[PDB]
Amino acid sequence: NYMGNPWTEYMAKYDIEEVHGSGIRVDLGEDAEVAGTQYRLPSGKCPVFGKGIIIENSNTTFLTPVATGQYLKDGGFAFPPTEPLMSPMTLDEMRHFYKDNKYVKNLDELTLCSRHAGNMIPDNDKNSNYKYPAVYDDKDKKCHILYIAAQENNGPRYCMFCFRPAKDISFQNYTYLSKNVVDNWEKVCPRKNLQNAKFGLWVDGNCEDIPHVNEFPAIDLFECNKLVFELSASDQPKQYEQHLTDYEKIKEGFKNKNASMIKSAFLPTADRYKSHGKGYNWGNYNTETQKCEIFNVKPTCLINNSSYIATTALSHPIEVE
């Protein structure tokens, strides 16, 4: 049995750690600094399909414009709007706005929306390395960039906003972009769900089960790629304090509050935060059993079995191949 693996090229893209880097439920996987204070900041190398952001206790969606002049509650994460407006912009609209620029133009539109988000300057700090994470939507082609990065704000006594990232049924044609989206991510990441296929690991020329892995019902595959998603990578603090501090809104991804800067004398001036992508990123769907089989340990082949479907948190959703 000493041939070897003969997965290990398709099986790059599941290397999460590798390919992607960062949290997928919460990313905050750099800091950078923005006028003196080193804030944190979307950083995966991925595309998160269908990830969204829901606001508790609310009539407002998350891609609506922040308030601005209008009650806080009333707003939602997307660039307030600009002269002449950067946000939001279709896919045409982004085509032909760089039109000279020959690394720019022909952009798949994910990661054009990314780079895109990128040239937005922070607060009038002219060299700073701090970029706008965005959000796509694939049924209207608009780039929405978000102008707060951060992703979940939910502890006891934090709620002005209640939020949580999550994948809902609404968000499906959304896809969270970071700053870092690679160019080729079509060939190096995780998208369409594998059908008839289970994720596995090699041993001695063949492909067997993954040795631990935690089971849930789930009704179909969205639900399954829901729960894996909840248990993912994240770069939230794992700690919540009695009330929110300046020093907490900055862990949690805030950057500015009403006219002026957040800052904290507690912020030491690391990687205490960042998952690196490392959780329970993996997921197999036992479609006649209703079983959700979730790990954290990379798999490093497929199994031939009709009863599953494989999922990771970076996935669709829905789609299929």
Second form
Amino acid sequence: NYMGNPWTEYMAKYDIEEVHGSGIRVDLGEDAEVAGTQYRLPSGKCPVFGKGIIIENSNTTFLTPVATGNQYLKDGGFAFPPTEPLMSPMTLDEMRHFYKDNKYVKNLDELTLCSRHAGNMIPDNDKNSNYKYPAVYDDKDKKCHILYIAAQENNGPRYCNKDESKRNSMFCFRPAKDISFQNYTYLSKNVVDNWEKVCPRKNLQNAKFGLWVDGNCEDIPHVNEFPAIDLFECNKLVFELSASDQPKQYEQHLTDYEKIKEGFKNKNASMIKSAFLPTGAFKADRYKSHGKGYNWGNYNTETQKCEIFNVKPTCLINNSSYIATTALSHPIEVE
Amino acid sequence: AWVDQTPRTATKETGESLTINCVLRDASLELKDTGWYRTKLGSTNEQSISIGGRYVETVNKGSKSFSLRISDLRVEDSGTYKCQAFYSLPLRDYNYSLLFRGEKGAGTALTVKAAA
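Starting from the form deposited without its partner chain shown above, please give the structure in the form solved in complex with its partner chain.
Let's see the whole complex now, leading with the same chain.
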């Protein structure tokens, strides 16, 4: 008796734990050695559409180069400092002209090209480091921004609560899908060259994710329903509940072992040379979600209800009052 | 910038010698460092070679070329060797250089058969 599913090939891009493989809201799914010291870094295979980092105590945006050095304002942003020749930011055409001598690379789509490019910055003169930096591509600009800071969140309430006695300062931020991020995509070193066919992007008009049971597409058994004025608001929530590699045990006064837990590598004059190390009860990893979270949403446009779930969907129901969305998808775009 | 790697194929004898050459063609960037990597047939994941002993490397930064010489060849040397350039990348502020992964060679497929 047939156990198979004619939806399987279609829904493979919605098997987010397999195709993406890392956190989405916070991606820190791999470790890499740099000059003898292991650090966390992004490693999801799929692009994250709409995603950026909000800085809390600053007016400086996250695509602004990192700090110390007269240039892009105050405590800096997250991006690579100016090189000669300028390697970040780089536009699509500048990028294509750079790698003109390379057949595979020069012809990549704008997103895998940005990821590959970002992957050419070596960390801390360790020529053989497996450690590669993430990137943000801006589709309005055609600009690829390489990220020097790979951290995505530092903001516990008792040091980071907003402009008022935080204890006052050094770096409060969180990933978000803000409206001014619509044209941005968050790219790990691992963004696959064929994400365009194995990864999610546009939302599905007139479709509801379901489960294939007994030759029929049934509703997701277990959902959590949230109000959301529009699809944008639903995607923001789905993203907010998604796979997360943040040390989802929050820290106090920032220690070195916990700075690295959050994805930091430097203090900007040296590295973060932690000389204790976790050899006890870890497996060197416990905050890798490998893509497990509330990554999917069914948005009902009639009831303005975001129905959010944590099991992979295996078929689609045709329902004209729905839009199917994922944490990875563009927050606004529909097909 | 592309990496011109020769020879593309070497069929050699145990005890003989091999000289792989790599030239950085179309480089606007100065050569800072170099790397070599092999894929032995059997595996396809790429091991970073340790320069030392029978493995002797010459770098000429001036002419942006560089070469491996493997002497007294063994069957364990069989595999596809690839060189890679790493560029110095000055930053428009400090004085210190960033490293920048260069393009890879097309490869050298080496064979070190004995009496076969």
